[PDB]
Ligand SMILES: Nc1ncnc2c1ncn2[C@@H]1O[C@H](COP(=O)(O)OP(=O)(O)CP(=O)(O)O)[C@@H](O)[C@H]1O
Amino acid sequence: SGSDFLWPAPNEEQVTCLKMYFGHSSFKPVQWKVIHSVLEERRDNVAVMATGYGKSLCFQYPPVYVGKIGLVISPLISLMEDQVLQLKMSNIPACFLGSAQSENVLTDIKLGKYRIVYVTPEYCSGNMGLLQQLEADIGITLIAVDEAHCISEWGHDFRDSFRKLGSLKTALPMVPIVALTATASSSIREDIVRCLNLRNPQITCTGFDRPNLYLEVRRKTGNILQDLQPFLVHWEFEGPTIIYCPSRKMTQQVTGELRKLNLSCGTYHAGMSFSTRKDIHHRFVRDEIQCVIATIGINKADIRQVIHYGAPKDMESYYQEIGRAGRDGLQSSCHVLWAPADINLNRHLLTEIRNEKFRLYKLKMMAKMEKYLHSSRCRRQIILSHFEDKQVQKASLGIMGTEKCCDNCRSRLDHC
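Structure block, one chain, the form solved without this ligand:
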C-alpha cells in the first residue's frame, strides 16, 4: 500500500525511490507527514518516537529522493557508523565526517557526492562555514538532530555539546531542522523548540501502545439513550467522558438526550466562539461538567471514557481522538458505537469530489475504517500495524492478547 492511505498522495517516483533504496513498500503515516513537510514546506519538525525505532527513514529519505545532501547530528558514534554501513550497503553514498578525515572525503562532500553526512555536535559547531558552503553549492535538504532532548538543561542527559547547536538556525535559516527524541515531556519539547530556535515546527508524537486503554466496538441499537445507558450509573458517567459525534446535529441530539437525565455535559463544536469553547474546556478540566459532546483539542489528564457515537471519520482522526483518554496512566476505555448506515461510511457523499486522487483517498480511508469496525482481530494490533513499523509493534508487550486489551482479545479468551 504505497500511496493508499496517505494525503497528499506520494507520487510514483517517490514510491519507486522508497522501494529501491530502502526496501520498503509504503510510508508509515507519521513518516510521510515528516517527509512531506520537509520536502514541500521546508518546515522544522519536532518528532517524538516513544519506542526509539522508526526515525531513520524520516531524515534519510528526503536527501536520497531529491539527490542533495542531508546532515545528521548525533553523539551516538557507533550507531552512526552502523547506519553509514547500512546506507552504503543500499548503494546510498554516506559518510561519518569528523576531524580525522581525509581532505579527499571533504572535497567529495563539497562536490555533492555524499547523500548523508553524520557528524558530532562538537564538529558541527566547529565547522559552520563548511555547512554554509554545502548549503550554497549543493543545498541541504534537512538537518537532523538525534537525541535532541540532550539540549535541555532541565532533562536527565544534558550534553554541553548541544548548546552551540542554537546557532544552526541562525546560519541556515532556510534549512529545516528535524529534532528527534523519545521522551514525551512537554517541557522537554518546549526546550527543544526554544534552544534550537525552530520556526513554527510541525510537532508529532507517536510510537505508543497505550496499555491503559481498553478498546471495544459495538453496534448501535438506534436509540441514543439505550446505546448510552451502559456507560451510566442521580445519573452520571463513571468518569470524565468525551463523546465524539460526526455532526453538530447529532451532537445536539445526544446532548439533549443526556440532559433528559439531568447529566452535567457541554457541547464543543466549531460553530461556537473561541471564548465559549475555552469556557467549556475549562469547566471540563475543573470537573464542573462530566461529559463533553464534541465535533472536532480537548486536553485533560483524567479522561476515563471516550465514545465515538457513529463511525469515526478515518483511522487518523480516530487515533488522535482516542489518544486524548487516560493521559494520567490510569485505566480508561474507548468505545465506538457504529452502524453501516453512518455518515462516515456513506460512499455517496464522495461522488462529487473532483480530484480523483482525493476521491480514491477518501474511499480507501472509509473502507479501512469499516474493516476495522467489522474486524474480529485485535483492535490494538490493527492500529499498531497501520501506524507503526514492525519493530515498534514487537516492542509492545504486556497488553496485547490479554483481557484488558480489547473486546476481541477478551472474546478469544472467553469460551468460543
The other form holds:
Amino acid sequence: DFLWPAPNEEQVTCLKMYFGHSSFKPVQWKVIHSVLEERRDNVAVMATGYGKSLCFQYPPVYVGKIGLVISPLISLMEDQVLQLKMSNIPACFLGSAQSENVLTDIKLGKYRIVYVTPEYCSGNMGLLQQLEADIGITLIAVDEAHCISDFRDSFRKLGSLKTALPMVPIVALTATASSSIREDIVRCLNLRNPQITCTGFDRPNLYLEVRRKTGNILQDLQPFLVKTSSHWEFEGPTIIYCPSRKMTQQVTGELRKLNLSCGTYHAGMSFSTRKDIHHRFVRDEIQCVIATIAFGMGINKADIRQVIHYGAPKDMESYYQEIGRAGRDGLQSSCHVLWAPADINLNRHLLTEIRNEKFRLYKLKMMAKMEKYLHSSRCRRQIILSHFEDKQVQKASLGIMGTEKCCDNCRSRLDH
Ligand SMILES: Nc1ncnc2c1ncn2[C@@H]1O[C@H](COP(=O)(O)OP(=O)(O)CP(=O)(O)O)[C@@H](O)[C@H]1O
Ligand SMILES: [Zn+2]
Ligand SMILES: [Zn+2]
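The structure above corresponds to the form solved without this ligand; please give the structure of the form deposited with this ligand bound next.
Complete assembly follows, chain above in first position.
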C-alpha cells in the first residue's frame, strides 16, 4: 500500500462534491486508481456495505465521460439511476424500450453512467464503438460477473468487448475470492493482466445467532419486540427475510396483530412501489420490512439493527449478502436465523427442480454447507469467512472472533 500514490486534490474534491465522502476506502482507491490512471482491467471482491458501486461510478464522473455498467438486474439499475440523479449525476438505463431522445443525448455525452443488460450490450457493439470514438468510455463494469462461470449465457456474449473496445478497461465485480470463479471471469471477459483485489469479508458489528423455531410465529418473534406501556415495537429497524410470498403473508399477518408498522418487499414491484418502501423505511415510518429479495432501494437503509431469517437459508453466499444489509452505519446489529428441520426438506425439494445437473449439484453442496452452519457448535463467523476466503480462516486472525459479540456459540462458550 506504500507504493500506491495518494489521491490528488482534484480527486478528493470530486469525491466530496458528487458522492459526499471525505476519503476513499483503501480498496476503492486501489481499484479506482488502477482503472482511472493506470487503465488496467480489474477483478475486485468487496465485503457487503464496503462501497463497490463507487468504483465504477466515480471514474466517469471525474473525467466527464461515459461509464458502461452491465447487469441483468434491471430494477437495481433503475434504483441506482435514481440515486445518482438525486446526487446531480446524470445517468440512464439504455435498452430497446428506451426513447430515441435518450439515445440521442447519450451520443452527445449528456450521461456519465449508462446501464445496460448483457443481451442489449452484445447486440449493440457498433453503438459502443461510436460512443468510444465520439465521447470516450472510461470503463466497463460487470457486476454479477460470476454469472459468466447462476450461470447466464448472456454473459459469454461479453467476450467480444475486448475485441470491439480494446482500449477500454473492464472492472469485474464478484462475491468471493474463489480462484475458479476468477479464472472463468478472466477467461470469458478476456481480461489482460488484471489487478486483483479483495477487501476481506468480516462485518465485525454483525452478531450472528441461530435458533430453533418454537411452533408458532409470534412466539418465535417475541424476543425481538419490546412492549412499551402504550404499544409493541421492534427493538430497532428490522428486515425479516422469508423464503416465499406465502410465508411473507403469514409473518406479516401475525405482526399486524400487534399493530406493528411494516411493509413487504418482493421481486416484480414497480419503481414507484420500491420508492415508497424506501421512503417509509428510511424515515422510520415503518419499522420492519418483510422481504423475499435482498437488493434494491426498498431495503437500502443505514441503521438496520436486526436481520431475521425466518426459515433455514439455502446457501451461505445468499445468507451473507442478505445479512450484509444490516449495520451499514457501523453500529452494533444482530442477525438471527430461525429454522426447523422441516425447512431443510422443503429446501431439498426446491433444488430437485434445478434442471442442469452441474448447477443442481453445486446448489446441493451449498445447502449441505448451510445445514452444517446451522448445526455447528463452533464459531459461526469462522465458518462464513472461510467460505468467502475459500480457505480455513484462523480464529486468532480477527479480534472479533471468540468474543461475546462474535456469535451465539462464542458467547455461550464464554458464559459457561
Ligand atoms: N469512500 C466511502 N466512504 C464512506 N462511505 C462510503 C464510501 N464509499 C461508499 N460508501 C458507502 O458504503 C455503502 C456501500 O455501498 P455499495 O455500493 O456497496 O452499496 P451496495 O453494496 O448495496 C451495491 P448493491 O446495491 O449492488 O448491493 C453505501 O452506503 C455507500 O454510500
Ligand atoms: Zn499509478
Ligand atoms: Zn464466533
